[PDB]
Every structure is written in C-alpha cells, then in structure tokens.
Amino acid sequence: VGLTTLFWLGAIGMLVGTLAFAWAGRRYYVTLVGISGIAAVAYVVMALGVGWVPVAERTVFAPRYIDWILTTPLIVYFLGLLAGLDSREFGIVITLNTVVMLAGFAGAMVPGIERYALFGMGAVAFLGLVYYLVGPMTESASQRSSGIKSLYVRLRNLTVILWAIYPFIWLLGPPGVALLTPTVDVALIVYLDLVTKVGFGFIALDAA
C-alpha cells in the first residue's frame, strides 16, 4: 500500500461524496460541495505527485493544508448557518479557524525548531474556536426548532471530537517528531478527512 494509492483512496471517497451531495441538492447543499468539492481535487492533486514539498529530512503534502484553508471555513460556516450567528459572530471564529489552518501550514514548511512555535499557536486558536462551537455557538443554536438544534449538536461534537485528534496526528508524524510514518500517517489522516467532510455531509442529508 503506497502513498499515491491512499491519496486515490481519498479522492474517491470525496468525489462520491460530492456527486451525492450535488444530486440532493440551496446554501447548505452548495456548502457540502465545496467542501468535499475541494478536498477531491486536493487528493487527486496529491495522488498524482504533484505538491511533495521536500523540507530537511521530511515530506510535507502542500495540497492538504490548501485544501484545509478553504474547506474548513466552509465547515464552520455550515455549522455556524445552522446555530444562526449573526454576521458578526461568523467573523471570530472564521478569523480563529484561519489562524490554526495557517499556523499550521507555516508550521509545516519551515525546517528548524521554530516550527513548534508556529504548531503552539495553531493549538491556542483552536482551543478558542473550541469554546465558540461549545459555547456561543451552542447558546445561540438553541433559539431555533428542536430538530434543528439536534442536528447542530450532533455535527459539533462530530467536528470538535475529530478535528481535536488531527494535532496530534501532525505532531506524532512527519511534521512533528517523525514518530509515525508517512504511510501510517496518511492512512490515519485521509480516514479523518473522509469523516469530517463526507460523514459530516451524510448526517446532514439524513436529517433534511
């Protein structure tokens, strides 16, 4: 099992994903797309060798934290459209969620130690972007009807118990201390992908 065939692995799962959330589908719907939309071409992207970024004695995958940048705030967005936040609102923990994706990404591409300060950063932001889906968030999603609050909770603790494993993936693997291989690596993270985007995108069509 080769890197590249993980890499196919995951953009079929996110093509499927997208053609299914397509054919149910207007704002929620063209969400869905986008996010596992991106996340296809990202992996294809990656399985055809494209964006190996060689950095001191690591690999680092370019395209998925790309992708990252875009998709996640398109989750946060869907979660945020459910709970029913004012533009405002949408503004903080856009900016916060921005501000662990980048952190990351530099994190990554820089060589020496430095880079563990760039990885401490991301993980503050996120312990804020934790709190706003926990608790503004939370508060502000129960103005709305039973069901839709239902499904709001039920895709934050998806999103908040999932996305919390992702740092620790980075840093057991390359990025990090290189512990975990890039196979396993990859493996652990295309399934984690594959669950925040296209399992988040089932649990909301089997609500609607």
Contents of the next structure:
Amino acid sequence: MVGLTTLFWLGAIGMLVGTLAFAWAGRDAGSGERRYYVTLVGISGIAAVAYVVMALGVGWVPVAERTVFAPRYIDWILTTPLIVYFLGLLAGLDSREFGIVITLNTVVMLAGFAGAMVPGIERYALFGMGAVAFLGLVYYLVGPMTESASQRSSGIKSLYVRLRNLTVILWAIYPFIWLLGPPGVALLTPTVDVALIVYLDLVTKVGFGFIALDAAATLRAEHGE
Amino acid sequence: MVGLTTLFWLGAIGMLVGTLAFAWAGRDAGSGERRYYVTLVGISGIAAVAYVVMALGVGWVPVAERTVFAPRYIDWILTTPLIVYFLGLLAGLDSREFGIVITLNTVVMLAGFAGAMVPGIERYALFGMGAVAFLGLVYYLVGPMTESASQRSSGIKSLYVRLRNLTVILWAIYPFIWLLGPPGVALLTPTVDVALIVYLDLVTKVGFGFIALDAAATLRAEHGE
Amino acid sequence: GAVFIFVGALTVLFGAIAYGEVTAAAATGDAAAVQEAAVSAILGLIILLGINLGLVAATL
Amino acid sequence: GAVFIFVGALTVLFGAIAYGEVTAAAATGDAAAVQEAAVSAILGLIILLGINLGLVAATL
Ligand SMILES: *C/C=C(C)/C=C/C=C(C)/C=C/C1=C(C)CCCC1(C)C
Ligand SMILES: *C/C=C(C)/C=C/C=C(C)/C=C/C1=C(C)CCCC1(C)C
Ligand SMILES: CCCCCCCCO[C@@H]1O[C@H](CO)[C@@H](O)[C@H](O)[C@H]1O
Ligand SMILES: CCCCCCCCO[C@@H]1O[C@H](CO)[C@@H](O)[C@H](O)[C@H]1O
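To test you: the structure above is the form solved without the partner chain. What is the structure of the form deposited with the partner chain bound?
Below, the chain from earlier opens the complete complex, with every other chain and molecule after it.
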C-alpha cells in the first residue's frame, strides 16, 4: 500500500547524497570555482526538499481523476534555471544572454505546472507554450551558448558540451512523460510516472554534478595548478 | 486471429533474403572461400524452410497446456552445427577438434528438443544436460578454438573473434527464453516467445553472415588480392 | 545513430505486439488472462533489452 | 561492463515495480484495471529504454 512514498524517499536520499557530495567537494574550492559548487548544492538541495515533502504526503493534488504533485513542478521551476545558470557560467554568458535563457526556461516550467493543474484540453495549449519555449532553449544551448563556450579553454568547452548533451537529450524526455503521464492522457500510472521522473531527476541533477566534479581536477591543471 | 503465422512468415522472408544475399555474394568466390559461402547459404536456407513450415501451420505441438514448435528445434539441430562448422573453419580446426565441438553442440540441441516434447519436471533434467553441454561448447569457442584461430592471419583471427562474440553472447539468451517460455514455466506467451526467437535467429544467422560478407574483401586483400 | 534507431524502433514494435496481446486479453474480461499477457510483455521487454545490449557489445 | 549492468539492473528493477502494479490490479479481478497497469508498464519500459539510450549517448 503505497510504494509511491518509497519512491519519493529514494529520490530524497539520492538528492541528499548528491548535495552532501557536492558540498564536500567544494570545501576547498577556489574563488573561481566556488559559484559552481554552490550552484550544484542548490540544485540537488532544493530537489531533496521537494522529494521529502512529497514523501511525507504533502502537495498531492488529485486533479480530475488524476494525481499530480505540486512539489515536483515547484522544484523544476526553481532548479532548472540553476542548471541553466551553471551551463551559462561555463559558456561565459553576460547578463543579457543569461536573461534570455532563464526567461525561456521559466516559460517551459511554468507551462508544465499550469497545464498539470488545468482540467480540459486547455492544458494542451499550455503544454504547447512550454514545448515551443523548450525548443528555443535547446537552440540557445546548442547554438549561441556553444559558440560562447568555444571561446573558453578546451577543458571548459569540453565540459560544457558533455553537460549540454546530457541536458538536451534527457530534458527532451520529460515532455513525453508529461503527455503520456497523469498530466496528459494518463496512460502511465502515478507509480510508473514517479519512478521514471525519480530516475531522470537523479541523472539530470546528481549525475550532472558528478560529471562536473570529475572534470574539476583537469580544469585546475589547465590553469597551471 | 493469429499474428503467429505472420511472425513465422517474417522469419521466413528474413532467412530467404539472407540466403539469396549469401548465394549471390559467393557467385565468384575462390576455391578457398567457397565452403564459407556455401555454409552460410545452408544455415539460412534450412532456417527459411523451418519458418515456412511453421508459417503454414505445420509442426505445431500442443504439449501439456503449452505450445511447442517442432520445426524450430529441428532447425536448430541442423543449423547450429553448421554455424559451429563455419567458426571451426575460420579457427582452422582438424577433424578431431571439429568432432568435439559438433558433439557438444548436438547434445545441447537434442536436449532442448527432447525437453520441449517432455511433460513434467523431467524436462528440466534434459535442459540441464543441454546447459552443461553449452558451457562446454562456450569453453571450446573461447579457449582452444580461439588459440587455434590466433595462428591464422590477423584478418581471420579478427573475424573469428567478432563472430565468436556474437555467437556466445546471443546463444546464451536462448536457454533463458526456453526456461521462461512455453517449454519451461511458460511465463512468456507463444507470441512473445516466437517474436524473440525470430529476432535472435535472424541475428545469429543472417546478421552473422553479413558480418562475414563485410569482412570478405579485407581478407582477400590480406593475401595480396 | 542508426543503431539507436534500430533498437528503439524494434522495441516499439515489440511493445506494439505485446500491447496487442494485452488488449485482446482484456476484451475477454478475464483479469487472469490479462495478467498473463502483461507478465509476458514485461519479461519479453526485459529479454529484448538483453538481446539489444548483447548485439551492441558484440558488434561495437 | 558496469553500464550494461547498471541499465540491466535498473530495467529489471522497473520491471519488478511494473509487475507489482499488474499483480495488485489482477487481485481485484477487474480486467480493465489490469489492462491499465499493463499498458503503463509497456510504455514505461519503452521510455526507460529511451532514458538509458540517451544517457549512454550523452556520456559515451
Ligand atoms: C531535475 C528536473 C529537471 C532537469 C526537469 C526538467 C524538466 C523539463 C525539461 C520539462 C519540460 C516540459 C516541456 C518541454 C513541455 C511542458 C511540460 C514539461 C514542463 C514536462
Ligand atoms: C538459428 C538458431 C540458433 C543460433 C539457435 C541457438 C540455440 C541455442 C544456443 C539453444 C540453447 C539451449 C540451451 C543452452 C539449453 C537447453 C535448451 C536450449 C536448446 C534452448
Ligand atoms: C563543479 C566543479 C566544476 C568547476 C568548473 C569551473 C571551472 C571554470 O573555470 C573558471 O570560470 C570562471 C568564470 O566565472 C573564471 O572567472 C575562472 O577564472 C575560471 O577558472
Ligand atoms: C562468408 C565469406 C567470408 C570468407 C572468409 C574465408 C577466408 C578464410 O581464408 C581461407 O581459409 C581456408 C581454410 O579452409 C584456406 O585454405 C584459404 O587458403 C584461406 O584463404
């Protein structure tokens, strides 16, 4: 009776482990690497809180014969822009460029949230808004931001590309789970939906962070350290 | 009503295509490559006949609340030893060594056939006989026969290894389908069982052949052609 | 590229076939019949993953 | 090696969870309930394949 809470607790544990790992890895980080470690801690830390809240049975919203989880979407709204921020830092973006990508990202996240809380075919119009904004975000990540990253060191460009590929490819799967899951046609049950998202969230946040952590030493060596 | 026959016809078509491709590819084969092309034609050709027979609804045996296909096992008994023969030719085996591997292979195939036609836990004893013989066959392919192949050209050794890996890895899956399928605990339905075997048979026979065909030109060049 | 497409396409094909069996069983109204078709589909998909993984490792 | 094991293990884990839902539905006796759990399992496994493939391509 309810392995849902079990899945949420597993997500919370995974995010917590990541949060602690990143925090520790950045204990003696330089003044240039600092923001990176702090950002990773924020990404996984907030996700950890969202999972704990859901595991405690809070934020469960039984929308029209379906079950949506408010904390999931709130988490996304607040964490995805930090992921974009991390990528933007590697690319070496200026305030303007950051504002563009963060705006697009927010449209995506807000669209999914609103659509999940909206009964009727109108939710598909909201989904469309998010889907289009997502394509714009992908364009910026693979285009303008990639060209910006190319002006950095080979190690930075290499890291940017690896994290960008992980992000683009895996983020592209979320809309399919939304459409096929409870928010959309509800072909996937809440349990299956939650299991898939727990897996994706851990990879896009914790996996994402570990890849960055694994590159840290090499990046320091590039500057003569 | 019966996509089973449809799956069998698809298997027949795939085997036929392979048979024709190999026959054509060996039209101008030398006196040294000849046996290889002829063997491939026999492997896929016999498999093609078995699939046509099953597609026509012949050889279907409704053993104790389960459905087994005699042509499938007859096919295996006659084609797997030709695959072993092909591998043995690449390895450069002598009559004695060929006899050893062909004996082991036959035990495997005969065990599966008998077990499939036998009701009761006794079929598991027959399965065991085949499983042990299979491990002996794997040993010969990865051990003695690999050392024998190492005495041939780099191209031959390379081809042997590629085909040996495909064989060992994929052949190892058949016993699991047997155990979980109709012959064993019957957790897999006839349709799912047949679909998985059609896929495996095409790869282990037609895929196997195409890999050899793709290496032909390089092997000729090795001898100064 | 072509391999991901190949295995992805086939997996979808297998799923469709599996889905067909589940739907047909459901039409009968027998929960037990549906469960048998469903278990077969799940196990079949897991095995299919094994085949695809083995194929990739053997070729790549 | 470790990646095949990882994705294979996870797929089996997902299958077990999916199987659990199908079994629970069957216990009710409602063929429709089982069909819903089964369709979810099939689609979920196909999506899981997508995730694993994407992960591999993004890292390897
Ligand atoms: C840890 C959470 C992450 C990285 C979440 C990423 C979520 C997305 C990329 C969601 C995208 C969506 C669309 C493109 C369309 C509208 C529906 C969404 C919100 C599921
Ligand atoms: C084209 C057909 C091929 C390559 C068939 C290969 C079949 C096997 C390797 C079957 C093996 C079996 C065992 C190891 C144990 C007993 C049951 C069998 C026959 C399924
Ligand atoms: C998660 C740990 C990975 C750290 C990767 C950070 C390496 C980036 O490199 C840093 O980028 C800064 C831009 O804000 C520059 O000011 C620094 O001089 C430069 O070393
Ligand atoms: C399917 C087409 C692939 C052909 C690969 C065959 C190349 C093997 O090479 C051949 O092996 C023979 C051993 O019987 C030798 O006698 C030949 O001299 C040698 O060229």
